[PDB]
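Our next item is chain A:
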Amino acid sequence: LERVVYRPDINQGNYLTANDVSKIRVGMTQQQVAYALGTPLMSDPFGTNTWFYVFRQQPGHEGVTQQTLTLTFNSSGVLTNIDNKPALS
Partner candidate 1 sequence: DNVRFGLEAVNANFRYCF
Partner candidate 2 sequence: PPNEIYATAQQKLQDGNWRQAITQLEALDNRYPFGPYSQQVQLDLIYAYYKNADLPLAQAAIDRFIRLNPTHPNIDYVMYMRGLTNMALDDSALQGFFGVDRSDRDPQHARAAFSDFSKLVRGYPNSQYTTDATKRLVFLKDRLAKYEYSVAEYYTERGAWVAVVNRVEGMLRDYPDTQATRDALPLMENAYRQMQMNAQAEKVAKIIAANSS
Partner candidate 3 sequence: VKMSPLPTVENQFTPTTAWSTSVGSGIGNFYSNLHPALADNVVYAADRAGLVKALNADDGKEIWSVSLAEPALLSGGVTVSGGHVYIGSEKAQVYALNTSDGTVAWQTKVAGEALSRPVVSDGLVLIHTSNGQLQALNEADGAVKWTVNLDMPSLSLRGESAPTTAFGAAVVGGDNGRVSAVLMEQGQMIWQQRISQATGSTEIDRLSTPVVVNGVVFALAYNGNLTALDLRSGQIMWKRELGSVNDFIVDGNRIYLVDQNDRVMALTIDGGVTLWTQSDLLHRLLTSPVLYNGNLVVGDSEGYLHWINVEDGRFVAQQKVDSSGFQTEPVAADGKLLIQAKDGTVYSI
């Protein structure tokens, strides 16, 4: 059944594109980054001042594709580390 049961497409997370990911630089403020990329939909609420941008799509009958961006900020709001995981392990 799983081969033919029609599943409507599922989208999750923010929308990312290489044209914008390449625009983020160390030294930018949180306001500059949010402006360039948009308000993030995920963050770590448990103290750490970090934001997550997860681009996830599951087309029906096709599979899961995910581009993961992680932004770590210090106590002053200065970006310290840019992660990039173009695919899941």
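The candidates were selected such that all candidates are chains of the complex that A comes from, given by their letters.
As a working rule, a contact is a pair of C-beta atoms (placed from the backbone, for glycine too) under 8 Å apart; a residue touches a chain by one contact, two chains touch by 3 or more; residues count from 1.
Picking from 1, 2 or 3, the partner of chain A by touch in this complex is candidate 2. For chain A in complex with candidate 2, the residues that touch the partner chain are 10, 12-13, 41-42, 44-46, 52, 54, 56, 58, 66, 68, 85, 88-89.
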